[PDB]
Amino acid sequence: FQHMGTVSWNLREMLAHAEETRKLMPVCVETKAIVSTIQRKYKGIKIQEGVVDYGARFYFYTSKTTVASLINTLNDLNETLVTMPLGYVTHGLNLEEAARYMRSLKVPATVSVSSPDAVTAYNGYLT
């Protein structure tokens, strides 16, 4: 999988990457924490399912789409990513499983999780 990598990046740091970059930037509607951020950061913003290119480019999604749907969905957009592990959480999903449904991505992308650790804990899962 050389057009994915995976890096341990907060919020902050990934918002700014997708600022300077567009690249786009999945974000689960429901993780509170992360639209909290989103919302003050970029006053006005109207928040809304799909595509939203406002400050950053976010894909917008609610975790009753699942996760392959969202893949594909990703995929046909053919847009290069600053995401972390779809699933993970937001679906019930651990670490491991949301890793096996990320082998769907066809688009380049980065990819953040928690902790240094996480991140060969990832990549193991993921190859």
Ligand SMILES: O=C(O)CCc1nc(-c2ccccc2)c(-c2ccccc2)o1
Second form
2 protein chains.
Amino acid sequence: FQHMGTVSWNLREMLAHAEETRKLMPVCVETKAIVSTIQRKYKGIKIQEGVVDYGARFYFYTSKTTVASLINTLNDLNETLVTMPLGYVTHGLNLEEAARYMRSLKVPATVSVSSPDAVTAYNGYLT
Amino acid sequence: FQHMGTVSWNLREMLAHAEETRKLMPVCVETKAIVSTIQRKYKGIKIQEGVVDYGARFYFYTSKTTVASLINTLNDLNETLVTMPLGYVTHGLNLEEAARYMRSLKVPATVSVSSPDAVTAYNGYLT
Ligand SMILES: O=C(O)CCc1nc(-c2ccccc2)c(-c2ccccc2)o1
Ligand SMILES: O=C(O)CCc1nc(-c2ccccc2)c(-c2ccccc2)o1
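For comparison with the form solved without this ligand, please write out the form solved in complex with this ligand.
Then the entire complex follows, led off by the chain already shown.
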């Protein structure tokens, strides 16, 4: 997968990169720590489902949207992503099963995991 | 990041260092000026994707390979690098966002930027 690569970026690193590049950043609106950080960093943002371009360019989704449907949607949007592994924790998936879904991503993406060791493990599951 | 240091070496200085040390030197094949110099200094070289050991030890990549994927691959090769900031200009990244990706390099690397002033800026961004 030449179009996908894995780093270990905290939220501030992801947001800073997304701010500068305008890459699309998926965000699960049920993850309170991320939603709260976004609401504080970009005062006045009206978080809603779908694309919200305000401060950074977000794709807000609910965990009621199944991972494969989310990936289907993101593929159709045809935007480069900065993202965490989709479905990981939010949909009750472990890292390996999140990686299995991410194989269906056809858009370029930077995938951020928790630690440098998780980078190696995730890439192993992905391939 | 004790395994990475920043210098200001032009292309000929980078090639001379690579030729003697056999450190792996990533090269973006879309950067015509660099490719033409390599073909001139190392006549007969067969440029193709991946490791090419001819004159110097190169890793040729296309900008269709995402920056994080390239760093994943270079980390897996486990070779010491002589390199420019990956993604800078070639992937539409400024120096700061290139430096952000470079934080994921786990192999030792000498990073060459365009001027001594850029050494200061890059080191500030990297940390
Ligand atoms: O004003 C209206 O009618 C809707 C406004 C709205 N707020 C939210 C939100 C806002 C903050 C946190 C979590 C949810 C949503 C929403 C977002 C994702 C998926 C589905 C819905 O939609
Ligand atoms: O003959 C064969 O087997 C391969 C021929 C080849 N030439 C090139 C090249 C040669 C010069 C300039 C820019 C590209 C590539 C290539 C290099 C990097 C990434 C992808 C492809 O591949």
